[PDB]
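**Student:** For reference, the chains in residue letters:
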Amino acid sequence: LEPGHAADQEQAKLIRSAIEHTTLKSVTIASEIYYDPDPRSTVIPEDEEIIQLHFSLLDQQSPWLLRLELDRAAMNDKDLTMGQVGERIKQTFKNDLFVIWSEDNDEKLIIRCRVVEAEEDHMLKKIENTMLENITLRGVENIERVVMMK
Amino acid sequence: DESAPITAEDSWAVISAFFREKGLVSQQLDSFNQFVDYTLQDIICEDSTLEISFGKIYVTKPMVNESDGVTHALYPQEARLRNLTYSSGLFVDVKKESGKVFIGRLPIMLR
Amino acid sequence: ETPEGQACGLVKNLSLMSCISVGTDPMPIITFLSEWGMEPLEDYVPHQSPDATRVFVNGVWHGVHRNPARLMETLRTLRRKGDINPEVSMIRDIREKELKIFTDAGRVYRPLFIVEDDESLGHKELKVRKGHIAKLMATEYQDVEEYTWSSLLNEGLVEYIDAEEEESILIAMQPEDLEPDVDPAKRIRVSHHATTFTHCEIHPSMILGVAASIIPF
Amino acid sequence: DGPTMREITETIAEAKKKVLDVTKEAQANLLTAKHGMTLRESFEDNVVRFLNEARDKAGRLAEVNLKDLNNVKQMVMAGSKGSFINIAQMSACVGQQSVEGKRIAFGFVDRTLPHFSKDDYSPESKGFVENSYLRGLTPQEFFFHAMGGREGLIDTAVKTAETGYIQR
Amino acid sequence: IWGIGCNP
Amino acid sequence: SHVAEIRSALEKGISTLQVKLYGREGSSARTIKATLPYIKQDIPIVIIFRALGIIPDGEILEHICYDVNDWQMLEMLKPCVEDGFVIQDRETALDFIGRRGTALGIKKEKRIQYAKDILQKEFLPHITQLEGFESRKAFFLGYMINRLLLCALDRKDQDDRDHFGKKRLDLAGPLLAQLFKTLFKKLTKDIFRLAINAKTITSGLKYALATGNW
Amino acid sequence: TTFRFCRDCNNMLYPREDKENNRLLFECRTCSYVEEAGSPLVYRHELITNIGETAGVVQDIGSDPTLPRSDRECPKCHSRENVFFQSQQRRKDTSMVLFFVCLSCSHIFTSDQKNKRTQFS
Ligand SMILES: [Zn+2]
Ligand SMILES: [Zn+2]
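Chains as they are written, first to last, in PDB author numbering: chain A, 1120 to 1178, 1187 to 1243, 1253 to 1286; chain B, 20 to 69, 89 to 134, 161 to 175; chain C, 526 to 668, 676 to 712, 722 to 758; chain D, 672 to 839; chain E, 1 to 8; chain F, 235 to 247, 251 to 430, 446 to 466; chain G, 2 to 122.
Calculated directly from the structure, the hints in this document are not laboratory data.
Hints may be right or wrong, so weigh each one.
As the list claims (entries may be wrong) - Pairs of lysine-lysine residues, derived as BS3-like cross-links and limited to a Cα-Cα distance of at most 27 Å, are as follows: (1) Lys41/B x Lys655/C; (2) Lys426/F x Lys133/B; (3) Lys688/D x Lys789/D.
Said to hold, decoys possible - Some chain G residues close to chain D (C-beta under 10 Å, calculated; not the full set): (4) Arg5; (5) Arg8; (6) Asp65; (7) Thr67; (8) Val98; (9) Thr111; (10) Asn116.
Stated by the list, open to error - Distance ranges between label pairs, derived from CB positions: (11) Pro114/B x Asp427/F: 31 to 37 Å; (12) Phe557/C x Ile448/F: 38 to 44 Å; (13) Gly5/E x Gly807/D: 37 to 43 Å; (14) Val570/C x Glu712/D: 26 to 32 Å; (15) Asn465/F x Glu665/C: 40 to 46 Å; (16) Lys358/F x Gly807/D: 24 to 30 Å; (17) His734/C x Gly807/D: 20 to 26 Å; (18) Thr736/C x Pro114/B: 52 to 58 Å.
Beta carbons: idealized from backbone N, C-alpha and C, even for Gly.
Generate the whole structure from the sequences, applying the supplied hints.
**Tutor:** This is the structure in structure tokens:
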């Protein structure tokens, strides 16, 4: 660690999280696909609060919903917020995935996404997989685990 | 008593019983005895053919052929010293001398 | 006992009391199994009979059975009597819902003391008792009925166990572990005990092959 | 003289208690994992350190009791053969057997031998040898000590000649 | 034969 | 990612079978295909059931997944169902197999016939080699799939190849039976041409024992 | 999480959608059979899973000699006759928690004090 720190165990902790590679797979409890046709207006009671909101109207989009549920414990342990994870998914599919998420002071951690006839859930179970396996949230590409020592 | 739990000492009587019955090389004896008594016949029923059909097999006790000669029984000591094979002959009742036929010699495992 | 160089752990030696299955025709058993409630596999509707035990012989799934407990009782009794060949391995894996039988050659097994309650008495005891030992000691002494190793098998006293069946039993090391200060010079032992023992070792020194049987201590 | 014996026996009984207390802990689901280690991994780690430091301090207890006229201790002091470890296995405690760097594996389904119940991670079960060569091993400790035994033999047999080949 | 990170 | 293997032998009384999970976790459509002897493709397990006369998705999954409530295993199978979707009956299933063991000149009749023969005699022969025993093999192959899956779903350990319960030590007897069988197969071969050569047997039995050569 | 089959074919049903009413149907692809969905959940993948943790809890669990037995009071009938086992998942990532089975009553309980389950597996 940079000369002049090295004793600061918490700065070590930070550097650890910045280096250790973590994907969505590392932080996700479960993934589900729902038919949830009214944008708008969810079927999931628990998500009405998060749908509230927006709240916008700023100035589409299938009935199928991919919904991930993230573990707060593994989130903290990797210095990850909702906005960080959210913004990371978002700038992977940029304008062809609609993505929102429950907030950091929200009780459950929840990401919702829709592809912006058929097919199509799957194409979507693929997106699901492209998500868990291949998005990098924090850290460096080969670095699987990082232990601190003194 | 009778009856009457066993002490650890008593193990060895059980063990002597085991070895008195089986000795030290029973997996050799047993395996080969199985082969001769049942497996050998089994192989010969798993054929015929066509009609020629093989029936019952007999295995003779160990014999040497020849010189000579002059087929006579063979004891292990003699087989060992004289560089022979301790074998017995095989014979099969066949369907259309009298009335088996000699098909070869089987090396016999001792005891 | 194993050679020191290349052959290490590849050449092995059998321990003093192991033997090797020689093979027995499985058909009487398969036959018995159906008499005893083994529903054939052309009957098995799983969604409709889920708690059923899968019954396997020599690797064949012959069918399914709704109360294996009773079947296993009888199967055990039959082998302990000599009606099934003692050489035959029979394993019930309860949690796994599988009952597996082996009648083929080349399975390596060893004998152990059977343990039952008793009766009686009672707690659980070995089925060998001093009266059996006497008959052995007295058939030994002569050199009257022969009381031989075979008598012990036939009277359900001792039983052959292969590595597979060994998966489903609990074995006491000393017969003394089947009952209810410490001398400083003794080595420390750990029991628990136990109350659930099905078998007991004849003598632990029996895990050794021929060579090592010669080393003192 | 044990004295020393009483103390060594008690030293081990102590480590069986720290290992028991960590089992109860981890079975309640109270043990916390560290970072980048499983529960089970970090459980094993604690158990192996307790067991090792018990062995260690039991061997130390024996070496202090050896007196100047003690012949083994004289070889040692002179430097002519052998070591702490030697004295310690002989007089105190053989200690933990290990194949592939872990404690004895469940080669039977969830047990190391059929004399144990399933899911038993006690020292006895996984090959801590408690007894010294002096007191002699129990059959279980005997077998596990053979397991550890073989692992070393195999590795000796793999250099002869893996090394006569490097040197060339 | 001694302990983990010593001998087998 | 995983294989379930049987080397089915006969008493008597050879032919290995492999059930393969074409997968790797975090790969799309993990299908299961089986390797049958003589067929030059792995066959989607669903086509095999349909070859054995088990036709509806419902009954095939029944043979494999014995708990109705196990949606997890069930879901590992959808790609298998989609994998054999083009084949909707026993004749089609047989041709599909048949074509993969048969040169392009060969007539439909005989194609099918080839696949029936393979399934009767070459597939799971330790169960049977005869005539109308298709329910037994279907359930057995279902059983293997179950076992493949319970492993892929981290519910059982992969099998331990060093478990002694699953070894066999061959001895004087069985060793001599394999020679004797071969050596009786000459002479028995031969004679299709007094006038029995007794030396066929004596020599080979003695050769193998003199040199240690099996 | 639950599977439906054709009434006629006993083949798998696949999710279609009624567009202009916005509801979920399952159709057969072997005939023209259709039905409404009993639930919008089409699919679910559990990265961190409990299923199979208690596999093997069968009527005859107690006549199993290889299983450890204890004294913990059954939280239902208060009987002190149980067997217990650790978790039957075969993951590295598992806890070391104990599952008990009440031999008098069949009830499954845990030593897990951070317990967020109700029913098991
Ligand atoms: Zn339909
Ligand atoms: Zn209860």
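**Student:** Next, verify each hint and record whether it holds.
**Tutor:** Hints versus structure:
no.	hint	result
1	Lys41/B x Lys655/C	23 Å, holds
2	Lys426/F x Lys133/B	17 Å, holds
3	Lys688/D x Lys789/D	20 Å, holds
4	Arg5	37 Å, violated
5	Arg8	43 Å, violated
6	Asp65	9 Å, holds
7	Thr67	5 Å, holds
8	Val98	5 Å, holds
9	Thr111	9 Å, holds
10	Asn116	8 Å, holds
11	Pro114/B x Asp427/F: 31 to 37 Å	33 Å, holds
12	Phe557/C x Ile448/F: 38 to 44 Å	42 Å, holds
13	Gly5/E x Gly807/D: 37 to 43 Å	26 Å, violated
14	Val570/C x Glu712/D: 26 to 32 Å	44 Å, violated
15	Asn465/F x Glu665/C: 40 to 46 Å	44 Å, holds
16	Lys358/F x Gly807/D: 24 to 30 Å	59 Å, violated
17	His734/C x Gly807/D: 20 to 26 Å	22 Å, holds
18	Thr736/C x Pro114/B: 52 to 58 Å	54 Å, holds
Violation of the numbered hints given earlier is confined to hints 4, 5, 13, 14 and 16; the remaining hints are satisfied by the structure.
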